[PDB]
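Chemist: Based on the provided sequences and hints, a complete structural model is requested.
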Amino acid sequence: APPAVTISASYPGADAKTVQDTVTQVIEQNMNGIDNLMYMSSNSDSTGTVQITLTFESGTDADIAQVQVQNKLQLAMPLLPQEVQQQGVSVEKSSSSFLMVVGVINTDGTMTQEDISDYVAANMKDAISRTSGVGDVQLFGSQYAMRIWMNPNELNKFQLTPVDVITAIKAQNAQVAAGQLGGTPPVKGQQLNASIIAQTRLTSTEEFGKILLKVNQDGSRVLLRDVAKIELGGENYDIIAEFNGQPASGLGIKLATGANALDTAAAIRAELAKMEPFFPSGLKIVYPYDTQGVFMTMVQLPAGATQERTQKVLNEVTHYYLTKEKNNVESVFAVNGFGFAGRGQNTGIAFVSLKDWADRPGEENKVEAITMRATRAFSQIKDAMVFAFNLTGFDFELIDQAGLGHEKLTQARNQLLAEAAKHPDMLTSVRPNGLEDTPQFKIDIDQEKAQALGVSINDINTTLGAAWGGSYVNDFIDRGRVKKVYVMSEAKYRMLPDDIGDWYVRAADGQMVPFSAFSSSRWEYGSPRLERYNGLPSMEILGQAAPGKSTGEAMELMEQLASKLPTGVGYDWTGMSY
Amino acid sequence: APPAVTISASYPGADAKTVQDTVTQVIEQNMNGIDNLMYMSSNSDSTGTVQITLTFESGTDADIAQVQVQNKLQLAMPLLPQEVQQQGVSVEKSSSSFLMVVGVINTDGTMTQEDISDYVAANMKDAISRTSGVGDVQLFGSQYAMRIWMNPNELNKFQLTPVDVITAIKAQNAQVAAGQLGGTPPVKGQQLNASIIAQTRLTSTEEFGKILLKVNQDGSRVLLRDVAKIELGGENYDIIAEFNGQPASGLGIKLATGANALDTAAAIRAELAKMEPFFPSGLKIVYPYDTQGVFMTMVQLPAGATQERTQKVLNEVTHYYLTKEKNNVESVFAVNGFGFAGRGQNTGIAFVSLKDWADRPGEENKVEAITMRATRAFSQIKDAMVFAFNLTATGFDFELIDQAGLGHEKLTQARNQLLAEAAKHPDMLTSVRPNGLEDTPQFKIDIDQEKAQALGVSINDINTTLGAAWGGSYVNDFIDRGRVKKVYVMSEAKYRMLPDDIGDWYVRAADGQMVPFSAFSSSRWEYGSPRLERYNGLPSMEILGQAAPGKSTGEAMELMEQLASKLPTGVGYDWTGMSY
Amino acid sequence: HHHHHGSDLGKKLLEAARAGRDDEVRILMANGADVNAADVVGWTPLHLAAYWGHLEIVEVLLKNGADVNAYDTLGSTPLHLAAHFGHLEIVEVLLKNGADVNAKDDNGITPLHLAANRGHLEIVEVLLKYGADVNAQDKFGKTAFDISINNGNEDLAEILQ
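Residue numbers (the numbering used here), protein chains in the order written: chain D, 1 to 578; chain L, 1 to 580; chain A, 1 to 161.
Since the hints were derived computationally from the structure, they do not count as laboratory data.
Each statement offered as a hint is correct.
To list a few chain D residues with every Cβ distance to chain A over 10 Å, as calculated:
{"no.": "1", "residue": "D61"}
{"no.": "2", "residue": "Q82"}
{"no.": "3", "residue": "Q87"}
{"no.": "4", "residue": "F378"}
{"no.": "5", "residue": "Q511"}
Pairs of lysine-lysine residues, derived as DSBU-like cross-links and limited to a Cα-Cα distance of at most 30 Å, are as follows:
{"no.": "6", "chain 1": "A", "residue 1": "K11", "chain 2": "A", "residue 2": "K63"}
{"no.": "7", "chain 1": "D", "residue 1": "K422", "chain 2": "L", "residue 2": "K274"}
{"no.": "8", "chain 1": "L", "residue 1": "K486", "chain 2": "D", "residue 2": "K449"}
{"no.": "9", "chain 1": "L", "residue 1": "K188", "chain 2": "D", "residue 2": "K312"}
{"no.": "10", "chain 1": "L", "residue 1": "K170", "chain 2": "A", "residue 2": "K139"}
{"no.": "11", "chain 1": "L", "residue 1": "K17", "chain 2": "L", "residue 2": "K72"}
Just so you know, even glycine gets a beta-carbon here, dropped at the ideal spot from N, CA and C.
Modeler: Written as structure tokens, this is what we have:
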């Protein structure tokens, strides 16, 4: 198969367009001078995430492709936002599918899903990641960060802002290089040499809680716990897993292009065996997907669907396997927020493991018949593509060739789909592979009013972003491991449009100014996922030949339909169709 | 073909010594412990550009040489000025010469040279640059940037400066990450989830025009369009091309070290075929140099010669091929501001393409005879090396090296001493000449620290105001027709042309007073270099020449060594290129 | 004028109004679908049809009794959306069916401010024609004239006069 190298980066709190236009385009523009590149594709998401896939000619040395990519990326790194560089960009040379899933549960319910995910991130993931043959490790959960959950009524009460919180955290959770006593070059007759130790990183919520934000006129003390709740919690909250309905975390492991599957899997088990003896009580490893005896189930809801609606669908899927398929199915490991296609609130995946082959006698209890019955049983779930598959048609990109923009490319897409519908004799299931635009909240900062009041735009924007999107401030040490600190609004002050008006920003003259005084807002539509293909805006269309027709005939018709689209809209074939 | 890896960096507005001492030396000091390295050279130019060439043993795996060069370059990257990093340092592994030129014109005259170059940079370059086998791609022109052309009279009228303009553009041409309503972790039961969209990058001159610089005490508004002109324009204005005298742009394509010429050319053509159907009306590709059938004409004036003077020499060249060689020549693609040497205002190149082999019967109508006549005709042009050649065995390549911190001026003195001795030996040595450029007048300005401190004017404010105005500053990115591009502030032309204009620029002190530049500076003319060369990490001057009629290069090299042994203390030499 | 959540047929209608499926809107209407079904941001099928420029659906929803002056959760009406996005025929249709030409959103923004801001000149004329207060002022104290000055759109300034 043609080797693929993948770049991943992230920008916490950024929308798809922001990601695209400060990250994705910049990287793409700088992917020159790389040998044997067939094509390039990318997603920029409203999760703050970009994924760029570079697919090389068959035969290419995947080590060389990776290195040449990494090198070009390194030279583009200074062009990306500070916020993105500091998340750490990854470059990977792996299969798009999983080799195995390591599951982790706590049989004594002493640990929640969130504790288990941190345990895994903090104690297991790195050693698994440095095992040879391990191309990509996905945590089904998040590592803990120190979370500072800000309250805007309390901040306004003491005339503070997220800017003051952030500043104070950098100043008081600091690791200072302070030299030595009797350091070199020394005076003659010096008897004492000793390191000077000054501030050191904080290690606990108690410590963060006593960060001193300010001393008032009466000499009383405003501490950080006076304006914030302080707790360990995930760096993000997007991915939640379950194993047979019980709280779980895990690692989804993908094989490095060209490594050996069997040997890689053995070396993974050897490393886990080194870890088990030091597990806290209750923690246990389960093995829910080893690459037949296994299959997956994909859950894809339309964009706009929350975690709660995706969970409802996963539960129906899990319930079906744990009741209607009891006799064939040993386990289900279900992940809400990660899907076959990557990552979102509207997607999920279920890894299913079967009982021993010998105890599923009969044609009708083998993988093929099971996956078929399940797809059948899930085919009538509402507003959800749900299907079961082990691990055919055509793959078309519609392309913006003349700076037309997202909205126009959408109309041109729809015009092609509407014509493809009128040839059901030749084409079936012609459909976008991506996502539909959804409601978004457009807020316009009034530059004139901000200037008249003496409110700085950087304070406005840091206030908005930090509170509603979260900000990575700096690092701390949690049980001797380096981890992140995040400031963000407590949930309840960032839920509804009217909450915007409870956030205050301090003006140059000391007055507190509500966000309502210098902003205005409306609802509009935009994209939760912007797609690009060889550096240009694009929209991926899937489809197949109708029954009794050749892929080639179908493709021929798609090319004809495509020649009738508005000026500036081209296309190409990719993937299976190249 | 010894394989060569090239590092390239750009520092807008920098003089040759600033480039050498803030960029080139820092890189060079880390280039050691690289396998199979024969030598290393560099030029640091007053165009703000550095090019370091690293030449490897024959047979070296180019992939590995690039990887190793780049890994040493990373040691230097955080020590480089931010203005360099942001332009994008590049590391390439290519042949030094062109495989082909892709020319672009507009047969309806609805697009200027500037529009054609932008269309090429924005819709065509990147895909060619990514094509397998393409080692280096040179744009004959510049991508559009959003240009803010400041007026210092209008800036001083409102107590503003380029620092205020830069600051307002960063604040109001912003792409803000603003989070979500109802995002995770939510209050349980939350139904509404929506991205929050706040400021987004500007996309048009109109939007840049209404950037709000200030509100006065009286309530009225100062907008950016009240202190500047606002238009799309090149990131730079140095490179200008023509095809048979008509406005044009194009791509010079060099081949990646060891890649197949036919296959790489074919893939380039296949890639252009995807672009053609989406051109605006009138735009067309032409093919002025495929690699006999073709040749080039180097134009090289002395340093200090402007675009205008280079143009006239180029016109005389183009004119010659279109009048006297019109039965032979199909096309001339002439580029002003780029040539064999790399890049500068005193350089140009013409790529010439001849009619079909069989439409040119006779030996006087073959490439060899045509180039000889062309070179003969151009020999008479004054203050210009012009010659034509169809792309070494009698020639030599000498490096004079400063080995004792003597500095550039002493190295010139020593160079001149070698050249005048070489001149007194016509029997052994013909046409011994520097490969580089002569010093030229430069404007030395001294900031008086004490006066600045006394008036309460910051040095960063002074320096940004000088630099941004007379040199241009890359502020941030914007989005032009869906594509990321740069934003530049610079003085409108008329306010940065004469020495007296220095005094029209004001900086604002801490106490709010506008202070003219003349209050804290003094200036004088001096000489300095527009191209500082280095060889193996040391200051150098390359000297070219050839063995006199009949005598071998070994004999001629032996003489240069004898001459060089008599040069002052600390001046040494080495042999490079042919002579290695 | 702020309408609440429907279900199943309301959801189908909202989605069909949004995608321009003229036939499907007519079927759902004949089968009793709530003509003022609102989504989570307060958008009725008329908001959707107006935003995405589907004229026939706009006419059909109005024939079947759609609230011409529906408010989304930020006080914005279908006429706002139509004026903002340059949908001339839809603007005309809405105003002919009782659209409030001077409806202000939560921010004091009227359809004329929006049409003005995006330079949609034929729409500005129709709005004035139908009684638009040319001196209406948003929360920041701006009129459509101030907008024309800030944008540097001389054509618009002369229309407002």
